[PDB]
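Apart from one protein chain that is not included, each protein chain of the complex appears where it belongs.
To keep things simple, chains are lettered A, B and C as they appear, and every chain counts its residues starting from 1.
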Amino acid sequence: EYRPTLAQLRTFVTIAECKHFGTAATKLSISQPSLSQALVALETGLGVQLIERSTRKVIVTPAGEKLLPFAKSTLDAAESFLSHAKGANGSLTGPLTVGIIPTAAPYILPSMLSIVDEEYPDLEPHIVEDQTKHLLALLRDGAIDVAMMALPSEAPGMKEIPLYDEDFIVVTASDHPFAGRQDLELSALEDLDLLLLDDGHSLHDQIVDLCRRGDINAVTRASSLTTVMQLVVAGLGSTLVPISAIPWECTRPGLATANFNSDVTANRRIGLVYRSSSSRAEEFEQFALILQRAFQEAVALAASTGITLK
Amino acid sequence: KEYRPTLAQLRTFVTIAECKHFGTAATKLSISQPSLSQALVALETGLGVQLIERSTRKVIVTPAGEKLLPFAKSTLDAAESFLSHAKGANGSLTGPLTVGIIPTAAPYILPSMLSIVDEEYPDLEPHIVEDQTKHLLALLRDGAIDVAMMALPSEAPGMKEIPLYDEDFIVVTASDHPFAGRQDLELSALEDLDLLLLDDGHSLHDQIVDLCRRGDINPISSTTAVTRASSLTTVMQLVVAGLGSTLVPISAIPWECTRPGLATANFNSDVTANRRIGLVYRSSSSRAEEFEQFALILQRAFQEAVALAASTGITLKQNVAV
Amino acid sequence: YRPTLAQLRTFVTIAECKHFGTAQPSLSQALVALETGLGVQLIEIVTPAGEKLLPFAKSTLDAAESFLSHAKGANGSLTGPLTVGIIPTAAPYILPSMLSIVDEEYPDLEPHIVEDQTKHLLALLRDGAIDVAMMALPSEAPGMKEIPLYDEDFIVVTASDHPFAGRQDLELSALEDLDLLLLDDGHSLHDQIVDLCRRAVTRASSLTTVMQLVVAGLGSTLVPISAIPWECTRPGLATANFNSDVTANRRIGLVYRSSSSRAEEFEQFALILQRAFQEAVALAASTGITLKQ
Partner (left out) sequence: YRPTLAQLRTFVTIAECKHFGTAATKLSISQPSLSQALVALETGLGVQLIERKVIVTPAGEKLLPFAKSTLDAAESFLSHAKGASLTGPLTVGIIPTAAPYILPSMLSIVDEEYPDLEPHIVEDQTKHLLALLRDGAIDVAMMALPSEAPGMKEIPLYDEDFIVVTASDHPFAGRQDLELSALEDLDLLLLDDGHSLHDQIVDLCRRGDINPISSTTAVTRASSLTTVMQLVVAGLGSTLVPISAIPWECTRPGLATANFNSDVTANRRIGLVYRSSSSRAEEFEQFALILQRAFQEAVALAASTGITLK
């Protein structure tokens, strides 16, 4: 029958932090007997000793230490409810768990995390980097609030927010014939021996469908771009990478870049995907503007390398 | 003086928004209809906003109520998780518990497992997640599930394993197959068979490839084959048609090995072809004794599944003398 | 330098006559030409270097001998291998009657079955890994051609104690009352005035697992009629159908590449699948469970 109350949890957390009884009661604006009564009601209702009262100062019991984080997250959730009830109207505050695909996370995070720390200090971002299938799994579950991935995400129960279109660039060895060329056609993909990420990466299908666009159609297989780059330096083939990856993957010795001609469009559409049942549309659209800004900062960093962009 | 909402008020507001009536939300919370209406009006007055729009046909959530509903549900989930870990630390099975089960064990362990928790653990609220081993461990690190039932060893770091039971394998061939009915097979006999295996993400796929390599066999012709199924019931239809044989765990016998056109066969007692199923949870978890108690339910549910397999009359593998 | 089949066939033949069999001036010349072209001593007894190369040479002949074997039945309709991909919600219910028809009427055909989701079949179909795919229409994929096979109705599966158990007059509004556990495969639900069109923590990956949840009273589900004899006859279940004005079904078809020149061969295989479905429907009707009218 017993369920703990917020006032009891609010008492237990304040006592564990302030470590005294006459200082936790003053911060909560309640009497010292009222503080001790909510604690004993919480202890009796759960049947576990939470606070050990000594003569010098009170100490949190071993069992209390394990429960304290769960009690604080309960209060943060309740305080988050009162903040939005007071007319928040779509402001980045409180926790926000964001899932990002691995081919975009390390290239968008530096500018995105810097913008949040300086302009949205109340926001508490949590970053989850995994492949597209696990992100949608965590999105259908409650483990993440929003996911950054390539559109379309073929998911029915989700809604998409288009962010930007990110061009591709060809990465070859320095001695490769196509090195430095800026006028390639899609037919040139036939001459290349492309090195692709495995089947769970969305970049793997963004390139095999790009070859099928009016051209022709295995054992070598990597899971990260940095590993593919080392294979390209050694001359075991070429690859396509998004422009935001240039300063982090395309500046090591032994590499060279190449672009298609202006009439060719080889890119990927990155967007923000969230649950249809969510009522936080205007909160996600505001977070979408941060990501759009972080991408333009990432593009500027790519141009700063001196490598010719599309 | 300054207003703070309570859990009982939030619990009322969430239930009303989901059930949409005032006589089905009160019954679900096991409270009276006036008590429900007072907590809602107290929550509405304390915040000074209209959360629910009352009509005669049905109740609708107001625009302001829609924005607040997710925050109220996350508040209840956080409080319900606090009570779960407070009672879980001593071994109590209360509140929600999301369990993950591999697909080659879920439909054969659930009937007895769900019947035990419904009759002996009414406060427990089980949620079932059936997916492959890789996705279960992924969902376990990210907190999407609380515990996972899978084959040991899991080799995943930061996790702890609770060994449950050892489940023997049985060979399923066509009725006309030469090995049909034999109870003395050696591991060398796998060479003669044309095994039909599940794809690469199923743990049963590797529990059989290493089984042939134990008998000096090269399973190259069977693993890199073209024919490939994702479920045991599909593999069974191929065995009936005489396109090869397969190995299945004993708990799958009453559900997959009783259709016409099949026949069973076991290895000899000196051969040990089985799998070790265990309970896997996070090392940071403080509900160890709660999971240890849930392990006893699964062990009992397995013995009922084995008893159901023995009830078919099909000879099971004998690992020892009688 | 490139080796020839005649040279490889000689080197394999010595080891393949080293058992209980016996395999000529020409023979020694083809072997010496193979050894000189590669610059390695292969035969002394087989040399150490020859033992490592022998399996790769034997697999070369097995591939060449398989080409001559399939070069035979080439001028036939359903002959040789045929790799077909089937969605998991249709494979185990169409296979029994489909393999029985090809075993009795097309003995030269060598079928290979690939069961996976719709996306992976289309992926394997573009990359040539499978020759044809059985899935729900429309596939929306370009460069592919579709052969409509049949329209397969759905049936509602609830617990025995459920109120809707046995009802044969349900409307789409009844889906609101149910707590559905779905596989998404095949969904296309829409009445004459509904306006629905469909594309929880508990989640299963197979129908047999969903069924065990329905017996335990953790919700209801919709299954195709061909799954009735294999999934809906265990104790604790009950069936229900929509009324005739409601149309809850899926359109299954055969999809192959447009560049393929085997259209007339696939069209003949489409008739086998159509027959196998009518046999599967007859098996469902043999259970006594009422089907949708």
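The working rule: a contact is a pair of C-beta atoms (placed from the backbone, for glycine too) under 8 Å apart; a residue touches a chain by one contact, two chains touch by 3 or more.
Participant: Could you list, sorted by label, every displayed chain in contact with the chain left out?
Facilitator: Across all of the complex, the chain we cannot see touches A, B, C.
Participant: Just one of C:15, C:33 or C:53 touches the chain that is missing; which is it?
Facilitator: If we include the chain that is not displayed, C:53 is the one touching it.
Participant: Thinking of the whole complex, not just what is shown, which of B:4, B:28 or B:134 touches the missing chain?
Facilitator: Of the listed residues, the one touching the omitted chain is B:134.
Participant: Out of C:112, C:234, C:251 or C:262, which residue would touch the omitted chain in the full complex?
Facilitator: Per the contact definition at the top, the residue touching the missing chain is C:262.
Participant: By the contact criterion defined above, which parts of chain A meet the unshown chain? Give residue numbers in ascending order.
Facilitator: Looking at chain A, the ones touching the missing chain are residues 66, 69-70, 72-73, 77, 95, 97, 102, 105-106, 109-110, 113-114, 117, 126-131, 138, 142-145, 198, 216, 219-224, 226-227, 229-231, 233-234, 236, 248.
Participant: For chain B, which residues lie in contact with the unshown chain of the complex?
Facilitator: Residues 74, 77-78, 81, 85, 134, 141-144, 153, 155-158, 200, 205-206, 209-210, 213-214, 216, 218-220, 223-224, 282-286 of chain B touch the chain that is not shown.
Participant: For chain C, which positions touch the chain that isn't shown here?
Facilitator: Interface residues of chain C facing the absent chain: 2-6, 8-9, 38, 40, 49, 52-53, 56-57, 59-60, 63-64, 66-68, 70-71, 74-75, 79-81, 128, 260-262, 264-265.
Throughout what follows, only the chains that are shown with their structure count from here on.
Participant: Considering A-B alongside A-C, which chain pair is linked by more C-beta pairs in contact?
Facilitator: Of A-C and A-B, more C-beta pairs in contact link A-B.
Participant: Residues of chain B that touch two or more other chains: which are they?
Facilitator: Answer for chain B, listing residues that touch two or more other chains: there are none.
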